[PDB]
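In structure tokens, one chain follows: the form deposited in one PDB entry.
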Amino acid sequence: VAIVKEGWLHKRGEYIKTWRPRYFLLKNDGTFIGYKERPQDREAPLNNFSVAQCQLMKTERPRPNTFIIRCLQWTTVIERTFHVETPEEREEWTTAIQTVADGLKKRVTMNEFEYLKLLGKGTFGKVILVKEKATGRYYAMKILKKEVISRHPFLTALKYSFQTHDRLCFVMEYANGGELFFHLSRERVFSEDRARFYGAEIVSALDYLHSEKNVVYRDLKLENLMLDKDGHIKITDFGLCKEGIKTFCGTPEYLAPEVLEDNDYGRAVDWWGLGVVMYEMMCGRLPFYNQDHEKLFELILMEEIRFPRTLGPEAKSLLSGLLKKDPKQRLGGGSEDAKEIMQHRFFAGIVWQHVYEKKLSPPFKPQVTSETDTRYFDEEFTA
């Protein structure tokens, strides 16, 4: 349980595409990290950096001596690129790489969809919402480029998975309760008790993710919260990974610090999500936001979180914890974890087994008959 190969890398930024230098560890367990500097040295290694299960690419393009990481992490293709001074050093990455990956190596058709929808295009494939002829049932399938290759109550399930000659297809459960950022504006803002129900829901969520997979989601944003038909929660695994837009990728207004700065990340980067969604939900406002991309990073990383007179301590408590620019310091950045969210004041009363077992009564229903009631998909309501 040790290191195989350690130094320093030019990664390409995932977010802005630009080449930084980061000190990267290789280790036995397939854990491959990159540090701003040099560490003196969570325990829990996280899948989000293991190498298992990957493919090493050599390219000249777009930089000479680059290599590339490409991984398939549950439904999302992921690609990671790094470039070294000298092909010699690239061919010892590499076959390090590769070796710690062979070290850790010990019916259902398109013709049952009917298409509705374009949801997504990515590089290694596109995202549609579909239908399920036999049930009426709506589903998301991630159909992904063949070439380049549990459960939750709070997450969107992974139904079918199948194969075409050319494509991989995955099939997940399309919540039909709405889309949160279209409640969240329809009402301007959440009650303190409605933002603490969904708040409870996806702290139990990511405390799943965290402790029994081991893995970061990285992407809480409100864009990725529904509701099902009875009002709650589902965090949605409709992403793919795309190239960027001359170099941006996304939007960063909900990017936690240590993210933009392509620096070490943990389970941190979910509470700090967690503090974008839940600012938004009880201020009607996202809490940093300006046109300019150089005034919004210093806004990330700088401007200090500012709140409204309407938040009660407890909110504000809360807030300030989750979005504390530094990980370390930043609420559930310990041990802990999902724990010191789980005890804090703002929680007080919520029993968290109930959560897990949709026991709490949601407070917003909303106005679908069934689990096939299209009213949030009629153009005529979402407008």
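Positions refer to the first chain, counted from 1. Under this definition, the rigid core comprises the largest set of C-alpha atoms superposing within 1.5 Å between the forms. Compared with the form deposited in another entry:
The only C-alpha among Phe124, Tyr217, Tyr265, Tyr279 that moves by 2 Å or more between these two forms, given a superposition on the rigid core, is that of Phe124. Fitting the two forms on the rigid core leaves the C-alpha of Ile16 displaced by at least 2 angstroms between these two forms.
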The other form holds:
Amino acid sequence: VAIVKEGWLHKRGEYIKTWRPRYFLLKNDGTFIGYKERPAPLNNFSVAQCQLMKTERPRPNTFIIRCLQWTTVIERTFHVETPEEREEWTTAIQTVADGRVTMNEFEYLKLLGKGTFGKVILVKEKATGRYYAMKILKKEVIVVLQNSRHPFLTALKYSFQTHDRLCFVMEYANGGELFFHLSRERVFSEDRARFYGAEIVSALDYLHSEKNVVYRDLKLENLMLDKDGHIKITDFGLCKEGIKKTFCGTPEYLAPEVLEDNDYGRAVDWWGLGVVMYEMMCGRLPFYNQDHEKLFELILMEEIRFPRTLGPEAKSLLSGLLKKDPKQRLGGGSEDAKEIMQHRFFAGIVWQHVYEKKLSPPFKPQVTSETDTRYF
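Okay, that was the form deposited in one PDB entry. Show me the form deposited in another entry next.
FYI, this one's just the chain on its own, none of its partners or other molecules.
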């Protein structure tokens, strides 16, 4: 509804290293967005439940908004000209911010991932023989939940805490990583890609619509398969911005407007969907270079050359999803996912059926039960 504070702030630029001035609006809902020039909400940019910290390194009058978002630590770093300015922002942000099991229950089998904020471990629950992923966050580094009712997101089974740790026991699919399946197969057929794309769209529609959340981390590495061959979108983020690549995320998948470090929204997920589906259908990334600066330039400046092997529906969809201007991009309007759901490439798809897992997988991984360790 209402703006509580507005004005310029220096924001640490994540991908193209800079302190760029952004015009920010703090709002009564918790929203805190920074536009390049003086200008539906997203919980990703909210300050609700966040931790505010004053520091003088690297620059004087710096502050940090650190948030635990679901199971992931998200940080943004800001700088102002004087200490009185800081206290004005920090007090305004602070005031607007207005609202079973233990380690012993599990066996620890394999390291799945590691970052500055913690670890993800392949785990087996002793009492049931079931396999999960435990995401273990370090309390020293950071200084009441209800799952999404959608089948292709990563559901949380348990949440608990030790004196120095936060532990999230979450689903872990045993049908293999899609990066592995695609590496072997070289390329997916358009119908194979249609099936995965439809399952991705359905999950992200849910996040965007029911949760007011952007994923922002769509990539082949974050997609795994069910025992049944259905999609699982992964929740293993551990990365901390600013320390050794010094940025978080896989740049090959990042939208131009994320790179520019302007405001962005739901359409960043559709750009991600475009890269992912392009990769499944062409067997290669749409933008690639060894050197990150050159890769960034390509994402921002270069138009794509689409292979001649691609049917006209696929090419239309991919060209739509990979438009640089987010307001022009497929799914970038007020309709969001609906724009993509009624694109011609998905002709015939019954979206309630996708949501209900009624779409038949083109590929079943070689696994007899949810307890099959073959892919681990």
